[PDB]
Amino acid sequence: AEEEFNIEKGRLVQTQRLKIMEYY
Amino acid sequence: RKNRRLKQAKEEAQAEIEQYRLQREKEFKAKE
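Residue numbers (the authors' numbering), protein chains in the order written: chain J, 34 to 57; chain M, 28 to 59.
Misleading hints may appear alongside valid ones.
No more than 27 angstroms apart at the CA atoms, straight line, and that leaves these computed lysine-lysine pairs for DSSO-like [said to hold, decoys possible]:
id	chain 1	residue 1	chain 2	residue 2
1	M	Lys56	J	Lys52
2	J	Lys52	M	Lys53
3	M	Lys29	J	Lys42
4	J	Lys52	M	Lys34
5	M	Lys53	J	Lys42
6	J	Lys42	M	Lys58
7	J	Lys42	J	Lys52
8	M	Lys53	M	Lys37
9	J	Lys42	M	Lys34
10	M	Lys37	J	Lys42
11	J	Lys52	M	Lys58
Hints are computed from structural coordinates only; laboratory data are not their basis.
Whenever a hint applies, use it, and build me the whole structure from the sequences.
As structure tokens, then:
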């Protein structure tokens with residue numbers, strides 16, 4: 034329950050922060 | 028609380044991502 038959304042946030046946050054950083 | 032957490036944190040991260048995207052793309056305009 035907790036771990037699921039935990040690593041969910043982790044994965045998506047990382048894989049989108051990388052993209053926005055590269056773009057900007 | 029499997030499904031609850033997964034497809035509520037999905038749109039949670041939707042909001043988070045748009046938040047950080049705009050907060051990153053504004054000082055761009057500032058220095059531009």
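Okay, the hints, checked on the actual structure:
no. : hint                : verdict
1   : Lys56(M) x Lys52(J) : holds (19 angstroms)
2   : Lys52(J) x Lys53(M) : holds (16 angstroms)
3   : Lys29(M) x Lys42(J) : holds (14 angstroms)
4   : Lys52(J) x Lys34(M) : holds (22 angstroms)
5   : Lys53(M) x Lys42(J) : holds (24 angstroms)
6   : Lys42(J) x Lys58(M) : violated (31 angstroms)
7   : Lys42(J) x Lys52(J) : holds (15 angstroms)
8   : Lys53(M) x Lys37(M) : holds (25 angstroms)
9   : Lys42(J) x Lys34(M) : holds (11 angstroms)
10  : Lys37(M) x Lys42(J) : holds (8 angstroms)
11  : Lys52(J) x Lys58(M) : holds (21 angstroms)
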